[PDB]
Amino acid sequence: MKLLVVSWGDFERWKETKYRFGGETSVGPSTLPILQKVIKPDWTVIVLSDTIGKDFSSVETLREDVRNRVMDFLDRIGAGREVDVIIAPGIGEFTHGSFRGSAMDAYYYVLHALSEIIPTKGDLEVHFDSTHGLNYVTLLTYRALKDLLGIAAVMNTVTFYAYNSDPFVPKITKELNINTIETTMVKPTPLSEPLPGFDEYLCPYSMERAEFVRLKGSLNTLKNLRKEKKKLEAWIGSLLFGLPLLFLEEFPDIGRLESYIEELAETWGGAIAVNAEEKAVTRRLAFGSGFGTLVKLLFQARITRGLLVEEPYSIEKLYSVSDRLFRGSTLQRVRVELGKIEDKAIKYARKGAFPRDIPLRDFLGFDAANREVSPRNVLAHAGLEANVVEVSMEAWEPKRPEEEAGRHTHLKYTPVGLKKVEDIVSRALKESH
């Protein structure tokens, strides 16, 4: 997959000029046609501001106005119609109208938009053109792209290239070169924010206190997220800290995440007041960090959903899951722990023994000291602490148990144990923020 993303301003006010890029040459007002010719992307994404729109009879007429104007210009230049247009909420008082709201709305809207576009299977080569963009929309688009690509890198290889053209001088300019200003192999960065308190999903920009309290109090999301919060924070922690069994047992409900994001995103869109006479758009609700955390959580869930399997979890499965999610010293300590449990099963098997629903402590043969569940041991033993895990050996007739024991030995958290791990990991996630 090759993805070209382009940050745009007022594309009608652009002058014709020449562009050099990849030994090719292009006469036109925009960088997009030569960028497509050289890079040959599988998909193009154009990111521009609401403040280009010249219609205030509706919020959906305002967008179709902008989308049409963009579709004309793509015919004007040689640009293909294979594109997505993210019409992001911009700010400021213009001659053709007025737009007010949180300036950070643009980030959260593009973040959510890009989460539904960037593929969640396969490698990503990403090209971002910033030549034509507004400073603040281009930073917030750059920030939103990077933050999602980082979650993508956990499971897949992600290369990111960024271009800007030579600055434009009215009639001195003969040919602007399109420079590469970044080429990066994107580091894997799993989500490491806890979900915030219920003040930080939607905030009131221009709305009477009681109306806001009614909208907030109407949201199913905030009600459910109260009871679910800890289990989701336990899942986030299982990627960050190297807990392969917690990852499987705590794997989120994608449908319920999809539900929360759509409810919050719909409430936002609905509270946009477009006053048609006086040419004015007020976004009376602002997005909060909690919306971005949900968008990112659902994107990390989609990226990793391919690893999930049914409820009997074998040491061999935990090995395979671990080799995708983890790297460096985290990957290696996980393998040593699975090693210790695996080697003990091989011993049990040579003796013709197959214990079932036995605590890991009894399975490894520990002393009667320390029945407490400390953060230390839960995090140091890749979440496979001896007082919280239950082991089951599915009976078989060994002949080479060294390669057979992994498929037949299953780990499970106890119902009591899982609650102790969720606290420790949830607290450890919040204490690292």
The other form holds:
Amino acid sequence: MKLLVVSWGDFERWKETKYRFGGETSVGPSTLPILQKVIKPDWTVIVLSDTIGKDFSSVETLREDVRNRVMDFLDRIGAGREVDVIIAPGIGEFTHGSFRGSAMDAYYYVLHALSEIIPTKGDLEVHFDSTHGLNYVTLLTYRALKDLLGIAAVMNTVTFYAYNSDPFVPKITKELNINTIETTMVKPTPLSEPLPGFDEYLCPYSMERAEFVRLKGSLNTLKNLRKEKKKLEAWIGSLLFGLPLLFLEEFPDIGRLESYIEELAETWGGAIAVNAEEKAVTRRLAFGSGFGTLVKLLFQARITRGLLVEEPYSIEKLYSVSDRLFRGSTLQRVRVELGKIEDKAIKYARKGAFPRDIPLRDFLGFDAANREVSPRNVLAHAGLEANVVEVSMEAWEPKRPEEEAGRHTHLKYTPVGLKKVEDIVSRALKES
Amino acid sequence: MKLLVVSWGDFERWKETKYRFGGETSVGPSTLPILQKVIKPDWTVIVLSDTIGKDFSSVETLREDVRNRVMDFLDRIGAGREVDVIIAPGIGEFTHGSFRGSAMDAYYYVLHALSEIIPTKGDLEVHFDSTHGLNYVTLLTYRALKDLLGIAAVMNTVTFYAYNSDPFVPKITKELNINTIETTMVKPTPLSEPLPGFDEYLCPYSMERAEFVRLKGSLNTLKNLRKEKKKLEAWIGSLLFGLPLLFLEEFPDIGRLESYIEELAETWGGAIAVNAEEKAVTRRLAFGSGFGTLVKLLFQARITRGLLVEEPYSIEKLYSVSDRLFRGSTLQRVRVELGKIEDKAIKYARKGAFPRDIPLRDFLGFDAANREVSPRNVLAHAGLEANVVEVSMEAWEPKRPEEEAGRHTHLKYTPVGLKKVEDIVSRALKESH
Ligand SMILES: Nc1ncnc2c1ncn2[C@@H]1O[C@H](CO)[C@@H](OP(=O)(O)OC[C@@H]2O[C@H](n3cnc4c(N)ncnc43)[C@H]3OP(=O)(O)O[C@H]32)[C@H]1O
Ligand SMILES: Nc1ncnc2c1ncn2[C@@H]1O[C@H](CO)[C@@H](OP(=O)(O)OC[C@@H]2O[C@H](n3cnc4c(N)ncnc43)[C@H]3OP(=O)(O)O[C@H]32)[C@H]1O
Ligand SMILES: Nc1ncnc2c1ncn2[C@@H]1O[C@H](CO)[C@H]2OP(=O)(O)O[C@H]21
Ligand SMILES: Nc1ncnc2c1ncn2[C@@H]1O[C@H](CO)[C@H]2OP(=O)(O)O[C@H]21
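Next block, the form deposited with 2',3'- cyclic AMP (ACK) bound, ref. the form deposited without 2',3'- cyclic AMP (ACK):
Below, the chain from earlier opens the complete complex, with every other chain and molecule after it.
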């Protein structure tokens, strides 16, 4: 899939010029038509500041005024139907309006918007144009794109191209080349940050601190996160540290995460005060790092949801998950650890033995007086620590036990074991 | 170390205004004075485009023009003279003159310049100001900064802060706030790129095929790198995959890396054609990704050179190197693998036995079943694979062998073994890319 993303300011102020790109030429006020003609994207995203808004009735008449004039402009130079328009929250004191709030809301808002548009299946070829952007909006859009594509690159091949045309200079320009300023194959970067303290999801920008403590207390999201924060951190660590059984057992509820993000999003939006006479927008809540982490966490869950196999969790199924999820020395460590359990299962199968509901330590034949569950042993053994895992072999009539044993040998954490592993992985994620 | 980096365009066109930052207030045409007062950096770096220069009699006069104009502007505003000015190669056809070449040259140039500025010892607090920047030079500067800080973060704590001012509207603007638009604890990110083909170090932008072929053919770098490539990729893979013995055995020659980067940088600068009459700069060579990889590779070697020691490698030394280079599950696996060899040495010591020049497979007691060296066993066992490593125990009189064995037990790759590990690690680095 080919995706095109452009950063736009006040598109109406741009002058007609001609652009050169990929053995093609084009005349008009923006690069988008020639970019679309050479690149041939399957989808186009335009990121705009809402600070080009003029009619201050309230929030919906602002996003409307901007979307009207943008859709006007896309018709004017024929940018086609396959378009999404992200109206990001800008800030500043302009000729027709005043916009106050955290600068960083534009990052979290664009991050959130892109997380709903970027395909979570198949390979991604991403094309980014920085020609026309506000400095800060273009930079936060670039960062938001790279953060999400890094997560996408966990499961899929991801290539990223950035463009910037020659500088338009009004009195001397004849034509502007579209220069490739970046070409990069995107490195797989799993989410590597804990969920923060319940202060850093929504933050008061210009809200009295007594009013904040009130609304924070009313958010069901923060109370639900209280329970699940450690379980969600355990899942993040599963991808980062190569713990395939924990990846399955802690796989997050995509529906629940959607609902957490939506409530934080509509709470932020609801705290935007518009003064039609003063022509002033004040975003009294700011998004915190915690909103970003939830958006990245939901995106990673969507990217990897295909790997959530039906129970029970056989060695064969854990190999299949591991082979998709892990790379380099992490994959090879995980395969060696599963192989040790598999070789034991084969030995058992050959003797017509099928242990059910047996601690992994008893399955492998361990000596007594080492029942302490250490970070070292959880992290060094792909989370398959001998004191926290229960093995079951579903009895069968073996013909080729070396082929069969992997399918009939199932692993899970004991209820006590899972809590110990959660504490260890959560802690290891925080120390980082 | 507190480092302030600012991305600037045409500083002479900026209007006087007022800035708010960290409770302080400032009148003037630039953020820089108030940024310095509040942040109190140990050093300031200014990144701006060549395309400000108005003197085409030489390439070096063009740079001294831009430098002198910046120096004068710093006196005009309250700003300190403790600064590095990176005059990046910009592109565009302007009234005062013309500049042609690869747009991406600015990235490779700034990356190279920053690699020689950013300290390679101690923690780093980096502050980046994009308020005054061109978009493309800001993006390429931001990228180069993050690429190097990611490598620095392997050995040291690195914090990154980014700033941008409220937008400037000509007569409406009274006071522009300077906004923090990023606060990042930089993740350790070792080089994970192989060295590319010999097409991708220097490329012709505007140069006859034969003259390029002559320049390419003159480069000592490309000849040497042909033979050295695999050993350098083995070293890159040692940091990425958690192979502490290979890190020590393949530690690159910093002097030779410096020689390669300087030669490529001198050839690039020597190919800049400055036509004095018609006010044109043409950069006839373009940097390739290979130049970037070498700059990142030398920066990583400088960052980690403190861990290198002389040839006998003890298990104790491998533990301390590992505790500095590696984290998470990679670190815990390396410690378990070293521990297995240590526990065996402790058993040997308690028996009063001190094997020398013994294959690790013989030291550990292995079945004659598998002598083949697999990617699986090299990468899963921290590169301490039983068929490629040799152990030597230095005879001593044990009293507490559990605490003593690690210092007296040494590991080496066999000459054959090392070449097998180099192949697997090089291939694994290329395959992971
Ligand atoms: N069809 C179009 N119509 C109108 N604008 C277009 C169009 N196509 C592309 N653009 C670009 O889109 C941004 C619209 O504002 C501009 O991009 P950017 O070049 O990044 O503008 C930034 C300013 O260029 C200025 N500076 C003018 N001289 C030079 C110069 N010779 N060396 C480096 N910078 C220069 C800088 O001074 P500072 O730092 O105050 O602000 C920058 C335009 O060049
Ligand atoms: N002391 C200073 N003197 C002169 N400039 C200063 C100073 N301090 C900071 N700056 C900033 O430096 C850049 C160049 O002057 C400016 O920021 P940049 O992000 O480069 O803004 C460029 C243009 O602002 C325009 N646009 C003005 N309204 C709005 C608006 N309300 N919605 C979105 N964009 C707006 C954009 O339209 P477009 O795409 O044609 O080009 C941009 C200035 O805000
Ligand atoms: N606490 C522990 N100490 C030593 N080895 C362990 C421990 N927990 C798990 N393992 C080893 O991890 C592998 C996957 O379960 C398995 O292979 P093993 O070496 O037979 O013992 C296990
Ligand atoms: N080819 C191999 N097959 C199985 N285990 C290996 C191999 N090569 C090395 N190891 C194991 O890696 C550890 C550090 O050298 C050491 O602990 P072990 O389990 O005694 O066997 C070694």
